[PDB]
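In the block that follows, a single chain appears as structure tokens, in the form deposited in one PDB entry.
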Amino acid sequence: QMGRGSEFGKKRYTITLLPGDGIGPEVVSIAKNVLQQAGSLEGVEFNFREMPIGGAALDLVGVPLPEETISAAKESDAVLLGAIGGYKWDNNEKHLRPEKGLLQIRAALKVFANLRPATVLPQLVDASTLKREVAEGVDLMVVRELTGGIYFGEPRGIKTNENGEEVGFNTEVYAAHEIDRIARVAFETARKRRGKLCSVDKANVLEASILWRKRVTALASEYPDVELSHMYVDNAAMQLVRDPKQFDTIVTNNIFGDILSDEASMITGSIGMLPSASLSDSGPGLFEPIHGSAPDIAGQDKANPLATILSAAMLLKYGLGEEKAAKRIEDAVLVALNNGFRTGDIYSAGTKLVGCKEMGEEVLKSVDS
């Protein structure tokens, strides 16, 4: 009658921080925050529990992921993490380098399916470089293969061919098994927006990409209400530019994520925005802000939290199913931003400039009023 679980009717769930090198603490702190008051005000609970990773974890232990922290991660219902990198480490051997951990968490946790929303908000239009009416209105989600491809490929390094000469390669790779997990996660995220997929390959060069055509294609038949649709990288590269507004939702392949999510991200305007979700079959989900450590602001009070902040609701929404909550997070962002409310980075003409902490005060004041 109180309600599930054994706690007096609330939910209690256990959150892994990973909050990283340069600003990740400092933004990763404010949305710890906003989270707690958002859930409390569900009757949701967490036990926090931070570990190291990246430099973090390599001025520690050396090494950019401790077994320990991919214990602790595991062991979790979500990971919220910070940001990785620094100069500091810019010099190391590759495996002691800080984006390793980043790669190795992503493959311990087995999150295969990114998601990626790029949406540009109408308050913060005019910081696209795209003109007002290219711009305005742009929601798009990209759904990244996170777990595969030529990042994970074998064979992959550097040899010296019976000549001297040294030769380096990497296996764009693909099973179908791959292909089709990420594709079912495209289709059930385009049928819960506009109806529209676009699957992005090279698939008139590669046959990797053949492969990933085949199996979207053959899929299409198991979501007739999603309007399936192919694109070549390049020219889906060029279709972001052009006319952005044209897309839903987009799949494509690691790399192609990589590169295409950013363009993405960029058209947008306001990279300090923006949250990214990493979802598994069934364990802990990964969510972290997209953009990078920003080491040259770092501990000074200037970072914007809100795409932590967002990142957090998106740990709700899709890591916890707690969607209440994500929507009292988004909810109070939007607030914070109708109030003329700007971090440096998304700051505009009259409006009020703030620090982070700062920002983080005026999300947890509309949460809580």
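Positions refer to the first chain, counted from 1. By rigid core we mean the largest C-alpha set that fits within 1.5 Å across both forms. Compared with the form deposited in another entry:
Core-based superposition between these two forms leaves all of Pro295, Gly283, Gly269, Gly153 but one with CA shifts under 2 Å; the exception is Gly153. Shown in the overlay between these two forms, fitted on the rigid core, is a CA shift at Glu99 smaller than 2 Å. Remark: with the core as the superposition reference, the CA shift of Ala108 between these two forms stays below 2 Å.
Annotation: Cα of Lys74 displaced by less than 2 Å between these two forms, core superposition.
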Contents of the next structure:
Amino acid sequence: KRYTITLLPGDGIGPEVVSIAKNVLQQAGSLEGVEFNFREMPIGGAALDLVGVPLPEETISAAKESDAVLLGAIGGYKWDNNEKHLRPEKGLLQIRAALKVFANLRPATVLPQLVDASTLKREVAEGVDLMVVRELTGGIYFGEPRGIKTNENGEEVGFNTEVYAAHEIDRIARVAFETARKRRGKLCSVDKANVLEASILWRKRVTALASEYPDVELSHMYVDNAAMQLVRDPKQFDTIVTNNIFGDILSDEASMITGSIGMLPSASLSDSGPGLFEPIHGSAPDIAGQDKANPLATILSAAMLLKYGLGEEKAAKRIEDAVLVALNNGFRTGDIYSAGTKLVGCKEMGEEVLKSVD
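For comparison with the form deposited in one PDB entry, please write out the form deposited in another entry.
Single chain only below; no partners, no other molecules.
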């Protein structure tokens, strides 16, 4: 069984960490009798320098034709002062739109070995294990109309439109339901239905889908209360589904709650077609080339690729297990270094994970 995978090294530490994840993905796959055809393509800063835009059509083609996409990082000092349309970040937005990956999955789990990195007390942080499923390509970030107008009274007025069509809510909810089935069967839908008409429609559509997934325990929660519950009792959550802006905010909160941002993977899924998998950390221009980067998030992203992309559990478990073994053996990169542990560079951490995969 051969899969085609598009690699998007990108910028800063991206290539370093994608390279390691590639090898990890290859070994874990091999053990489960799975081989891969890898092709690297330009995106972000690297695409700008090479082609002159952040996402060349050739990259979209390769991604669309492959079975899954693994992305490193995007961004850097050099391109920060570019026109918005020519910024690296614009390439991320474009690839998401091109692949139609409307569903962003960010698992926030506190690993037994890293409990102390969280600013929450141990008994609260330990065993946190939640998944935020965030609507990724619609909502207020892309809503119309939008703009800054001057109302002929000379005064400027700024506006944006939070808007969802029923079919947009249906498809993100289904993914969430299917995702809860792959976890603990508990789904919490988060909105502002006590005030916003868009949230009322959100809640109506999710509520109606419940009968199609009767095995899943559905609940509802207001976004302001969810922001409190994440701080008070994050262990209550399994899977959460929510819109683009609430998802952006609540996922970041949950990420910081886990304590180690450099350990967190992400997956962006579409209805059919290849998904896009990347660590949530940025390109970390400062430590690029210095062998300091933490490759665990990208590795764990390769594990999400196997699981949510290719439906290859086992191969995925091998990766997750090897990450644990490495941490169990006391290995830590700078961002997760703790008193008494073994500080290591990116390369060496990669090697320790590869070593466990055998």
